Amino acid sequence: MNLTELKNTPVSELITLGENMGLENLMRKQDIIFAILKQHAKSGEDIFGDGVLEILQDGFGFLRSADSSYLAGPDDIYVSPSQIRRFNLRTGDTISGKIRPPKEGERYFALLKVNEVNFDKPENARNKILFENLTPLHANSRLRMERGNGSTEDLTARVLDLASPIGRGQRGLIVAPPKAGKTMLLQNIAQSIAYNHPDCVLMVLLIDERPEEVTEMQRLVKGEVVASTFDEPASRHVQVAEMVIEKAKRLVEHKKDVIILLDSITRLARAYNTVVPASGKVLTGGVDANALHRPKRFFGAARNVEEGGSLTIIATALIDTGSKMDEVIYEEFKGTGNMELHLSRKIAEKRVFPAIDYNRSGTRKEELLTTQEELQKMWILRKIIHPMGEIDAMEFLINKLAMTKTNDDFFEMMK
Amino acid sequence: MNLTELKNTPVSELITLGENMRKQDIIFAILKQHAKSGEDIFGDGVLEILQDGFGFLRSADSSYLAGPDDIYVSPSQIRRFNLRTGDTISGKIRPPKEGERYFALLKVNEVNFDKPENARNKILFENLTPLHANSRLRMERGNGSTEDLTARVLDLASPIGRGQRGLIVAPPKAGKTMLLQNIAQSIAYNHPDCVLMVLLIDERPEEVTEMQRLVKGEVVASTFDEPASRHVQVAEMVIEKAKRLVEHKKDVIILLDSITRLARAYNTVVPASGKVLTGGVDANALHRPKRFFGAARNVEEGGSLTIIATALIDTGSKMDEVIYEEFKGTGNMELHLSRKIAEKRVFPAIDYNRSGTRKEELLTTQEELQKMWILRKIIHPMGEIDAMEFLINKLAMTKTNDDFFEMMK
RNA sequence: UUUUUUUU
Ligand SMILES: Nc1ncnc2c1ncn2[C@@H]1O[C@H](COP(=O)(O)OP(=O)(O)O)[C@@H](O)[C@H]1O
Ligand code: BEF
Ligand code: BEF
Ligand SMILES: [Mg+2]
Ligand SMILES: [Mg+2]
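So the sequence lines, in the order shown, correspond to chains V and E.
Take 1 as the starting number for the first sequence in our numbering and just add one per residue.
Take 1 as the starting number for the second sequence in our numbering and just add one per residue.
Think of the hints as simulated: they come from the structure by calculation, not from any bench.
Hints are not guaranteed to be accurate.
Unchecked claim - Capping the alpha-carbon separation at 20 Å, the derived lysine to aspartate or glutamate pairs in DMTMM-like fashion look like this:
1. E:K340 <-> V:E327
2. E:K344 <-> V:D161
3. V:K7 <-> V:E104
4. V:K179 <-> V:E146
5. E:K344 <-> V:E390
6. E:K344 <-> V:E366
Build the full structure now, drawing on both the sequences and the hints.
Quick look at the structure:
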């Protein structure tokens with residue numbers, strides 16, 4: 001008997017289930033769940049709820065739900081300050097426990113006992129090392145994207161491993177003009193993560209992008225999808241993004257390998273510039289002087305932790321939009337991240353995919369994510385591709401890789 | 001028994017030692033019972049004089065910011081030895097009496113690692129007579145490693161001397177930080193005498209811990225997770241500590257990364273004057289970082305202050321162009337790194353033609369400068385990439401720039 | 001008014 005489980009089930013099964021208990025005529029869907037929960041409480045049976053914690057300024061908090069993009073919701077579960085102090089809870093902590101309907105003079109479900117804090121024992125949460133105190137590091141463990149199934153979509157993953165490898169805790173960018181292939185390449189990334197790295201906690205944050213891409217992503221990726229389309233204001237974009245990044249930080253505190261696929265971070269950087277207080281100083285392109293400190297900390301949250309776990313963020317960026325702002329935002333994030341995979345519009349207009357700008361792509365300290373021979377073969381491959389043009393490079397590399405199933409067999413053939 | 005020593009020792013020691021006798025409470029109790037025994041207590045830190053007259057010995061673990069374990073310094077002690085912000089002080093300390101919240105300083109044993117009575121009367125930093133760098137700080141190791149190529153090309157392109165005021169100018173991902181890391185290793189390799197300080201301002205956290213583990217010196221960091229107000233304060237303490245050591249005839253070298261983002265931090269804190277330069281830079285924002293960078297200088301009296309700081313260009317923001325060109329009119333050494341060279345994966349990605357050091361004849365022998373001048377004319381007609389691929393390969397044949405000059409003739 | 005836009 002769980003609240004969010006009742007919210008997921010269709011209304012048809014809820015109305016039928018409510019009639020089995022013997023209730024009055026079945027009112028809006030939200031009322032069906034509420035009336036069913038109350039009747040179950042009358043029997044003496046226990047009730048359960050869950051959600052990500054958000055501590056308000058007064059000291060208490062609520063358990064936001066994913067169906068509201070972790071925003072204020074009618075089914076939020078109140079968390080008393082005493083409960084927060086007892087287990088050292090902070091914003092982002094996923095909480096599950098027994099709940100009770102609101103009494104007379106109350107408007108929210110209350111939390112009686114917390115069973116699980118971040119998918120673990122509540123006691124283990126009391127003693128922990130905070131995210132701000134974790135010792136940072138360069139990416140060590142390689143997150144190989146290559147399927148190896150000889151698929152035609154696998155070409156994008158294979159070229160990615162050769163141009164700019166991705167490790168745990170990476171802070172990368174999929175930089176390209178509109179319609180170059182950023183979103184689908186991000187989708188291609190989500191598929192390889194779900195297949196090759198099911199151990200990682202995969203999240204897909206969609207900020208100020210197309211709505212049909214939201215449903216396409218949530219029915220394609222094997223993970224959680226938090227979205228805030230361009231139908232939403234910048235105020236919502238920021239708040240939604242803040243909740244996701246804090247939930248990631250909390251899981252990293254539990255030695256988890258979290259991956260955040262952001263699209264787009266340039267749209268998110270614009271959102272911050274919309275809500276930022278005017279400083280009297282504006283950068284070239286119309287970007288406030290203090291507007292990029294917030295998005296830089298969001299993107300900068302991604303990091304490799306020595307104590308355990310990691311936070312990876314692969315976000316898409318826009319360039320050559322005619323607006324200098326996007327060049328400033330991109331260059332600022334490049335001075336923050338450690339990996340950039342460029343996509344060329346010139347290649348995309350020839351319908352050559354993946355339309356990857358090989359020379360401009362790359363990863364920092366890639367020797368820590370590749371074997372000694374792998375790096376030496378990638379190093380030689382770049383020297384050969386560099387003199388080529390943008391299009392000739394991809395047409396050459398894709399035709400060579402298509403001859404074999406894996407890059408390892410391609411390297412053996414390369415000899 | 002020193003307080004700093006007791007803060008570095010693990011908690012297990014405080015337990016075992018405590019039986020023989022929070023971490024802030026235990027250390028406080030152990031030291032408190034050391035005074036009743038009559039035995040002396042010691043502590044250390046960097047002094048910061050507040051506006052009222054008294055001061056506090058800040059700790060390096062708190063990045064020289066306000067700390068719970070800071071040591072109060074009486075105003076009388078400041079007058080008796082002419083102490084100023086930045087002085088490193090060690091001495092006997094006493095646990096706070098009732099009504100006090102901090103340990104107190106009884107008497108100073110060492111002021112900047114010297115005797116207090118001798119630091120009382122010395123020529124101030126603002127009174128030292130400046131000069132152009134006339135003492136060469138050779139970067140080349142001569143071990144034959146691939147990492148030495150950066151140092152060798154650096155010696156040929158832009159020699160660094162004691163008191164230099166240089167810049168590692170380049171766009172993002174060109175190789176500024178690792179260029180800076182290579183410089184730190186050569187200073188610890190060839191110049192153990194110089195006091196090496198590494199100031200990391202508004203940069204990546206992973207580069208902080210990485211720096212700390214490969215550099216033989218002090219690492220003061222303030223990552224981009226920190227406010228601009230913290231950047232300034234931390235940078236103010238480091239530059240003042242450097243000035244104090246220079247007053248003691250010591251060769252201090254500060255490797256900053258990045259100074260461009262430090263200038264941004266000053267621009268965020270600076271009061272609005274109503275006049276804003278092109279790019280969003282307040283007309284008074286650059287004064288503070290300009291006197292920070294301009295603090296570096298060669299001193300005739302003895303010792304010097306060297307500052308090699310990285311700078312950003314081609315960021316799409318006219319602000320960084322104003323900042324870079326302003327520091328260029330302040331410094332006297334510039335090492336540019338090219339993005340198109342780094343994108344071809346040619347390291348070091350040094351723009352040979354646009355790099356150089358002022359008054360380089362004071363840092364090189366007459367024969368050495370001749371060969372550098374000849375090598376200059378040969379490389380100039382070449383393109384950026386071809387220049388590096390040419391110089392790197394010719395240096396690869398040799399282990400030392402001296403044997404490379406022998407092949408020249 | 002400055003910065004942003006003009007503007008490269
Ligand atoms: N001398 C070098 N040798 C090999 N790789 C280098 C060198 N200099 C820079 N790189 C590459 O560039 C990447 C980032 O360069 P970095 O020093 O961060 O430039 P910046 O500080 O200007 O951002 C590193 O991960 C490294 O792989
Ligand atoms: F139009 Be694309 F998604 F940048
Ligand atoms: F991104 Be670099 F460190 F400027
Ligand atoms: Mg898209
Ligand atoms: Mg750098």
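*Determine which of the earlier numbered hints do not hold for this structure and return their numbers in increasing order.*
The structure breaks hints 3, 4; every other hint is satisfied.
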